[PDB]
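*Asks:* These are the residues of each chain, in order.
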Amino acid sequence: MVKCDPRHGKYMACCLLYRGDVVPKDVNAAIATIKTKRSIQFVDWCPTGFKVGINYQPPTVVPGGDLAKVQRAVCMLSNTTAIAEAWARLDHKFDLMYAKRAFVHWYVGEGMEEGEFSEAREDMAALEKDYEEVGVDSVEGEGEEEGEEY
Amino acid sequence: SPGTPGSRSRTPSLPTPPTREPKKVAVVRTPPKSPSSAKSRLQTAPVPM
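One line per chain: the protein sequences are B and O, in this order.
Position in the first sequence (from 1) plus 301 gives the number in the deposited numbering.
Position in the second sequence (from 1) plus 201 gives the number in the deposited numbering.
None of these hints come from the bench; they were simulated from the model.
Just so you know, even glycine gets a beta-carbon here, dropped at the ideal spot from N, CA and C.
Incorrect hints may have been included.
Which chain O residues face chain B? A few, computed with CB under 8 Å, are given here [claimed, not checked]:
id	residue
1	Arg-211
2	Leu-215
3	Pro-218
4	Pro-223
5	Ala-227
6	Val-229
7	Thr-231
8	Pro-233
9	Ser-235
10	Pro-236
11	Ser-237
12	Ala-239
Derived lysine-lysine pairs resembling DSS-like cross-links, with alpha carbons at most 27 Å apart [said to hold, decoys possible]:
id	chain 1	residue 1	chain 2	residue 2
13	O	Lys-225	B	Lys-401
14	B	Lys-401	B	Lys-370
15	B	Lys-336	B	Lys-370
16	O	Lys-224	B	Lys-352
17	O	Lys-224	B	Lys-430
18	B	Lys-352	B	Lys-394
19	B	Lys-304	B	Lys-326
20	B	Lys-394	O	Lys-225
21	B	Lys-338	B	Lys-326
22	B	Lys-394	O	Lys-234
23	B	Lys-326	B	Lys-336
24	B	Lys-326	B	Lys-430
25	B	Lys-304	B	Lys-352
26	B	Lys-430	O	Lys-240
27	B	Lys-394	B	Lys-304
28	B	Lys-370	B	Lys-394
29	B	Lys-311	B	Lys-352
30	B	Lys-401	O	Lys-224
31	B	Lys-338	B	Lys-352
32	B	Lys-326	B	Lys-370
33	B	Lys-338	B	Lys-370
34	B	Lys-430	O	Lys-225
35	B	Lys-352	B	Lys-336
36	B	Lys-304	B	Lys-430
37	B	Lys-338	B	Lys-304
38	O	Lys-234	B	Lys-352
39	B	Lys-311	B	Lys-401
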């Protein structure tokens, strides 16, 4: 439920929150099978990939429209380095506009110093590289090989 | 510029947008804080005769 693709990046951590008719033993078995299916990718050095949550309350819906009532449910929340592709797309669309300086008269008009909307952008360019430098191998010094596997 | 007799049109054309400028922007800045460690251990049971 954001457009960036969780296979372009890698998950860094997860949380799995369950409702209703639930078996901890089938949750165990499914998580362990997700850790087995490496089509779902996480980064290597975050071994305990998951937080688990399990509540008794059934699922719950409003009458007169929308979703139909169910007897068990799941929410899944996960940090990823693919968030960086959607932020890089937002920030390029900043650069394209800022290279003509469109819009930045309203931003001065209603208060902002121009050096602060200059600093934001290099901070978001730093964000692209904070998220790039976590998408790395079992290496802290120098030494990476040019072969890629993901 | 030479041209027709009498009044001639009065045209400015200085383009407002900034040109190419020094903002490269995309440079590595903050890698995550990452120390390597070589580590060692030495087995130390009772060793009488």
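*Asks:* Tell me the numbers of any earlier hints that the structure contravenes, in ascending order.
*Replies:* 1, 2, 4, 12, 14, 15, 16, 18, 19, 22, 24, 26, 28, 33 and 39
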